[PDB]
Amino acid sequence: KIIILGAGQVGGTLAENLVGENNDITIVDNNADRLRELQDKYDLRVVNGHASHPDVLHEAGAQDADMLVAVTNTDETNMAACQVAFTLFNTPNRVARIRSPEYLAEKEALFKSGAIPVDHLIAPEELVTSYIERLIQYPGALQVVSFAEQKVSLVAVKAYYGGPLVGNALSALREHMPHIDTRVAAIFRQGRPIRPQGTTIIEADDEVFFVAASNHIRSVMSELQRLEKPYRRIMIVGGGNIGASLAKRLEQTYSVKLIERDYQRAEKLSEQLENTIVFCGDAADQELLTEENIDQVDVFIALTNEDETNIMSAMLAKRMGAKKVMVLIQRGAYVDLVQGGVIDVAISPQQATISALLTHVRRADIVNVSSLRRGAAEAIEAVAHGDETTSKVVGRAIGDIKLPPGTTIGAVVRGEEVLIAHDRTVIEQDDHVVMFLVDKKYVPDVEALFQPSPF
Amino acid sequence: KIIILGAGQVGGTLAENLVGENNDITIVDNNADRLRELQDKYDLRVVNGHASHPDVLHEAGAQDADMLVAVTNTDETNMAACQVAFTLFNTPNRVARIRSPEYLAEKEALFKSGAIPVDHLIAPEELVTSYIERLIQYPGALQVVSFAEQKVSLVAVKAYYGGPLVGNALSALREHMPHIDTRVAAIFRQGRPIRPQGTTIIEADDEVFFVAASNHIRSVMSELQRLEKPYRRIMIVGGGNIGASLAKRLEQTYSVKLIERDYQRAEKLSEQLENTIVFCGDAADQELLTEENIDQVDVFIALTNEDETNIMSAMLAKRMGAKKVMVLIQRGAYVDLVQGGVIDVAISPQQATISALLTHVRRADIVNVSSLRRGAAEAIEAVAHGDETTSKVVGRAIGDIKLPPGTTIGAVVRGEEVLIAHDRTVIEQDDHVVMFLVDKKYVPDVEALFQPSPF
Amino acid sequence: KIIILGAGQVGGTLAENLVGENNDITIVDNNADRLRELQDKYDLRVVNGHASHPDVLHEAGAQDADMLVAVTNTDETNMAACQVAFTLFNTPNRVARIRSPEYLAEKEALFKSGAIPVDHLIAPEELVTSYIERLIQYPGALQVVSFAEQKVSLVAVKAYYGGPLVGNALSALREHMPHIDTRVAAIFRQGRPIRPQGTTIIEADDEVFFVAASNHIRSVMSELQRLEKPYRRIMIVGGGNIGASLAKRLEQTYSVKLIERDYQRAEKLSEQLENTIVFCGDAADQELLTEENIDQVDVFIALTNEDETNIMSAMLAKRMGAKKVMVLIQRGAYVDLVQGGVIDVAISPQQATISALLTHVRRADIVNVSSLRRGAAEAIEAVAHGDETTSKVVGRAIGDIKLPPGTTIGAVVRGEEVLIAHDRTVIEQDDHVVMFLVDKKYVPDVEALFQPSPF
Amino acid sequence: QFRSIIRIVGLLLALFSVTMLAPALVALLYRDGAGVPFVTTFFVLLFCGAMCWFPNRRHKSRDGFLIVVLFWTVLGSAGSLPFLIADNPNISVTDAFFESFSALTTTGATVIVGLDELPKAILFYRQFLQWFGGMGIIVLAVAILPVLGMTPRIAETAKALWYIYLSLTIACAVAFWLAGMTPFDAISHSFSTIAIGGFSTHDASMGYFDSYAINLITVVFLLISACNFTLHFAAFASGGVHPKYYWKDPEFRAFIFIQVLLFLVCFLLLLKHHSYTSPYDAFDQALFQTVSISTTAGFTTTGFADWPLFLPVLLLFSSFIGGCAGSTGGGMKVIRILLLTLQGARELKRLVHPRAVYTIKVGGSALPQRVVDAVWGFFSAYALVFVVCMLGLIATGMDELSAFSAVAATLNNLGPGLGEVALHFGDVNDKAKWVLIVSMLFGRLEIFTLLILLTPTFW
Ligand SMILES: Nc1ncnc2c1ncn2[C@@H]1O[C@H](COP(=O)(O)OP(=O)(O)O)[C@@H](O)[C@H]1O
Ligand SMILES: Nc1ncnc2c1ncn2[C@@H]1O[C@H](COP(=O)(O)OP(=O)(O)O)[C@@H](O)[C@H]1O
Ligand SMILES: Nc1ncnc2c1ncn2[C@@H]1O[C@H](COP(=O)(O)OP(=O)(O)O)[C@@H](O)[C@H]1O
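Chains as they are written, first to last, in UniProt numbering: chain X, 2 to 456; chain A, 2 to 456; chain D, 2 to 456; chain Y, 2 to 61, 66 to 154, 174 to 483.
Just chain X, same shape as in the assembly:
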């Protein structure tokens, strides 16, 4: 039995992917946002009242009720919130969020002792930054997700002018690592997809999609890290609790210029932030960006509260000469719409945690389980269910399957071993097949393709 708590900046999204368990799901948000929004966009339960009074908590059950999610903006309240439940109601599996972070600093010795009150399991919303840092390294790494319990990983890389990918034909990339078994899924060029086998990679912002075993991905990405000259200039346009801590994490290794509109916040940053040139102006006006070498910046990160300001400022820094552009999108409708080519990567704090956790979460095996990205593209992990002939697809070969247009199977996982599904596709497959769509409006047809004849 699952409960999460109000109001939840992210928690609501933690309430959409996690509902796939057969056992009963409940979500209770803080007040009206949880209920009204919650009832309208959600499925089976909930809840009310301010946190963290005990009266709202007993609705979770807590009679060997397995899941407790303490989504909270403030930590000091969250710790007491989880404690009232254990003492009064005794909920067994407990999880917590702490952004203290002095407590986040000392919790590895404090919380890994058993004395600590009730929340051994932890989840910080501010460790998404490390993913931004990985993006700043491994230059031209737009995205990576992992399927089959992190067995196989799809990666979306970008080819920059002057990089090692320009001019080299895909066969040379295939020959540069003869010990890596990878599968080029698709290549998006100026927004349109392209058949990739044996073609010269066009330098201007080509997006190349690998699909391979985690060992192969971890090796090719390190090789691309070795060849491409690392980034040295980073510009940030947000003074937020995420922007500040990212500037802290980056300032020692890179030269950081940060932008804020509220003078008092800028002053507080310039006090706190050393080695980081902190400005005071709108992220929109060119008269500051050009005056501040916008044509020479390598990575332009937008961490404003408003999504539209991120998108527009970052599209302007992309026009002016920034190599890689990143934004903070709080609406999946935006990330599905604007982010190709013009905006290289958006950090949905919802999907940044969800992508990793759903992969680690059991079982995620349905006729179609979708990990979704930017654009009309799709990366699915279809499951072939049915006997030797009851299913359209079991026992047969991919070259003989009537797959939707643009759909390319990348790898096939059986057990602990992964196959790249080349040509005939010799297979054992009861077993999990990793696919890639170019237009995601064909997701249901693939479900129909893998859905056996209903009894």
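These are computed hints drawn from the structure, not numbers from a lab.
By construction, the Cβ of each residue, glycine as well, lies at the ideal position given by its N, Cα and C atoms.
Wrong hints could be hidden among the right ones.
Derived SDA-like pairs: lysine to any residue, alpha-carbon spacing no greater than 20 Å straight-line [said to hold, decoys possible]:
| id | chain 1 | residue 1 | chain 2 | residue 2 |
| --- | --- | --- | --- | --- |
| 1 | Y | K373 | X | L274 |
| 2 | A | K42 | Y | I178 |
| 3 | D | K108 | D | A81 |
So, partial list: chain A residues that the calculated Cβ filter (under 8 Å) puts toward chain Y [said to hold, decoys possible]:
| id | residue |
| --- | --- |
| 4 | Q40 |
| 5 | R46 |
| 6 | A449 |
| 7 | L450 |
Mind docking chains A, D and Y with the ligands on chain X? Use the hints.
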């Protein structure tokens, strides 16, 4: 050695009282404005840090430093602070301030010894509400202060036209309870003080100050409760947690009309409050008060955020026909100024909490220690220090002391026994003398009277 | 000697295009920000002061001002200022800006006959901005700009799937009106330019730029009005002073659905607006647009205060099925980048007023003068100065000029006659040449082409 | 709140009368002379303190300025009595006020010649005045922060400072006597080497004994005593918490930078001229004279006979940038100069990157614009007082270049100024001697505490 958490507004005044013999105070305030103000109080040491973080706690924790007083604006944080404190460093004298109050309902379940929260004593701001209720329970109870660990209590009562005090000579009041040993300290009439002995209590709102042992005070106030006609209608003008919780606690016994300036707050209140007619308007306009039987209301309580709005609305309701007027003053400069005659009582919530917590203090035990009052009068609790002749006042008789003008000795607490001051009585060493000034600018002259020849 | 008195947003743009060419400039800063930028540039004279206290006016103009320009946010003050200018330190060719509808409607005729001397032009920033209605009136009217003095007009039309232009070869369009002398400047297709002669315009929606005399433009646009099916349904996502009056002006002929985020404003609109269904929600959420037949709407107008909200909402309504998309951009940096591809037309009200006033009253004679537009393209109106051989371009033929890449000469204005430019034409001294760049970063080189041999 | 001050003034010069006994005890220890004046002054001062301790039972910002101004003026006039009464150094009233103020105001200036052959009681009381004003300086500077200048206890630091101030003077008298110094001269020179005074019982301040060790020890305890005593508190509280707690304070870094630079430039210049025959000697004398004068101490080991005049002039300007703010020292503490440099750098950065928010960060923390404005109000008041003092000395007929040197020596709380005032303030004009006393008062009071009294807006 004392540590407090002067995160809350109240803490500073508590810090002011505590300083003395064998007392070392540490303030762990969240920010420095209040710090600058508090620092001016002598013999203090301040550290700037979040309330509950182990860095400040370790300084406190490593040496137990006796009692830890966790007084904070936010309850969840105060509880988390008190717990991180104990289960990091034991700190067995820990105290907490929660304005929860819902938690106060389950205080016997979460807080009890051996639990993780580890709260020993809870100090809420609810007492002012209970105190206001006590004020409304006794029809003429303008004020009560407590001296010598609640052994002796001074009380300021008001004589209303038609009451039982009116027209009766002080000797008849003395004979109405021949087993009660009380001492009338002073009597203010039309703003000017009067020497009280065998005198007729003029009906024009004479204010009479009793000084006696708490047993006798609890008996004379209950007798005045029995004699005086109780109030039937009551009016309140603020929507806050104090106005709300007071209306809730009072509505069952009296007919309550509450006034609000925020329409949405009024709407939210009318749901919660049953039997309470909840209005929506400024406490200033007569067009609502007259329209709402202001001439027939008994007590007008002002619990607005703004002190000046309380003072002005209540000064208008006093002119319009309210019998008793009460306000919530958050500025001691105002409470010393307005509480005289036109406003029957001003209730500083800081002194409202302190009087209750301070009463428990083992002893103030300073050459002169005063209890702050309505003005312009003062009631102090001098301690008689010095040998038979090295001090001006030890060993001599009350009739022989050269007290400052208007200064009246009320009672003398010897050991655990209380005797009320006749002019025969002689003062001994280490004897607590409870006094009453009419003009408080003579407080130092009394200290000089009680200060022995310097060693 | 022209004086401009504006604290308003538009005056700044009016300080670059029309002043500085063979004339002295004076502006009124009105103690505002804009005075600082121009002063930083250093080609300007400015006086700061209230509009119009006589102290500021006397320095600004003392019976010698000549042309007067009163730009104000508030009408009553602007009127009082414009008359104070006349009676005290009398000035000529004064102008006023009345944004208020009631005064504008009842202007006849005592205000200009009249005691208040609002002589000649009364430019309103709103009625000229309701030219947005004309954009809906002429389907496929992405833009129109005016060169010379409203003699030759460039127009940017869009070819929509199902429209009358798709599939038809450019030669058939040229033959469809053998009495119309127009010249297609350039053709943008999927963002890339194309040389336009006898080429079938691809259905995927091309942008075609006509350049011809205003009579020919007024005839081809009326013919395209006749051919294209009119837009029945219109949707607006701004409850502003522009959105309201646009809904009023449109509601009678089209079915208008309006969106607002402030409930009280929405209620006031639903009272004011008849025949217009006024909603209450964010322009961002799909759950309202899809619920409101976003897939079937023809024109999506965004008149929010914030530019980024316009851009994002309109990029979403364009993705969802709107045929024509319009936004209100108050930042010149944004309009260039966004206008090209997913926002069909962006209407900066500053350039909306500027185009009308500049083209009508002022004959741009600043060597190569330019009109700001959509995309990376530019359309300039160079003036050919110098004798047959001192200048690079006078006396020679268009086919022999070494024009920068993408630069296309559109027309040649000879005094009072307009010629459609051919490679065989001859250029004469002091003749206005209307041009069209595809990449505007070559604007300076064209100056070098038209700059005569320096004396 | 006038007339509530006399009580403190009386109790204070009563404390000072009690302080008169220790040198009187030294007089009775060995009877060189001057015992009678000491006892006479003790009684006259305790009697005056009782006369001024009659307005009692009276207690109630503008008062504190008139408290510290009387803490220096009254106590100086009280200390001017022993010289007035005694017979062996029979000196005018003006020379007596001068010697008393300079002893107490920490300025090493002296007007008595023949210190060696003088009663050991008097020239002990001189070093005791320096030690007293050392405590007064340290206590006042760290215990009153309205003008110029985690927060610990008020009194516990009022005694931790006294503990450092005594654990230093003890270990220094010890190292002196261990280096071959009379135990009397060792105490008398630890009274003055820690308080950064510049006084000695000998006409040659540090030339009476030319031991290398004495010079190196004086240099060491001058560097120790010029450092911010609040920072020594970090080495005191809970023992030796760090040995590099110092290097975090950027004031210490600027202090060591200045001392090392000025040292090696004075040493290289002292070698270009071959002023000393042995570089092992030039090194010693350079390091000692830089550390002595830069630290506004006032000790001298040489007569500048072979020294090029540039080096003494450079030392006088170096005296302007004196000791750190949290210790005994002259005007313009090294922290105001570090702030000046940092602000120059800030204004430089505000030209390459104009639309940027820069704040004066000292040790990681930012400074409120009130403090940074006060540092330059202090520079302005210092300069516009210097000029008036110089013109005042010149008006009384004093030699001009000598006037500028005497002013820069006294306003800097540096006893010896080069020129006509090389080793004695004796033959100085008398009116110029009073203006000089005013200058040393200015230098101790940080040019603001005393100037405010003069301002009409104050009264
Ligand atoms: N161009 C801009 N427009 C709006 N906000 C901006 C812009 N540039 C920087 N910011 C800043 O983004 C910061 C928001 O950070 P965040 O922590 O998300 O806010 P909050 O703490 O309210 O969540 C604010 O400092 C805001 O001023
Ligand atoms: N003029 C007024 N008349 C009546 N009520 C008022 C007036 N002004 C403010 N109030 C009430 O005071 C409330 C603020 O009280 P406050 O003490 O801030 O609340 P809390 O109890 O949370 O501390 C407002 O919500 C409003 O209801
Ligand atoms: N997200 C949004 N969706 C719809 N309307 C919005 C949104 N944000 C702002 N608005 C509208 O913008 C309008 C403001 O414009 P208006 O008041 O005419 O002049 P101004 O542009 O100066 O505010 C208001 O109608 C406001 O409701």
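Results of checking the hints against the structure:
1. Y:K373 x X:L274: At roughly 16 Å apart (the allowed maximum being 20 Å), X:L274 and Y:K373 satisfy the hint.
2. A:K42 x Y:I178: With a Cα-Cα distance of about 11 Å, the restraint between A:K42 and Y:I178 holds, given a limit of 20 Å.
3. D:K108 x D:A81: Since the Cα atoms of D:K108 and D:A81 sit roughly 15 Å apart, the hinted pair holds (cutoff 20 Å).
4. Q40: holds, 7 Å
5. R46: holds, 4 Å
6. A449: Because about 5 Å separates A:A449 from the closest Cβ in chain Y, which is inside the 8 Å limit, the hint holds.
7. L450: With Cβ-Cβ at 10 Å, over 8 Å, it is violated.
Hint 7 from the earlier list is the only one contradicted by this structure; the remaining hints agree with it.
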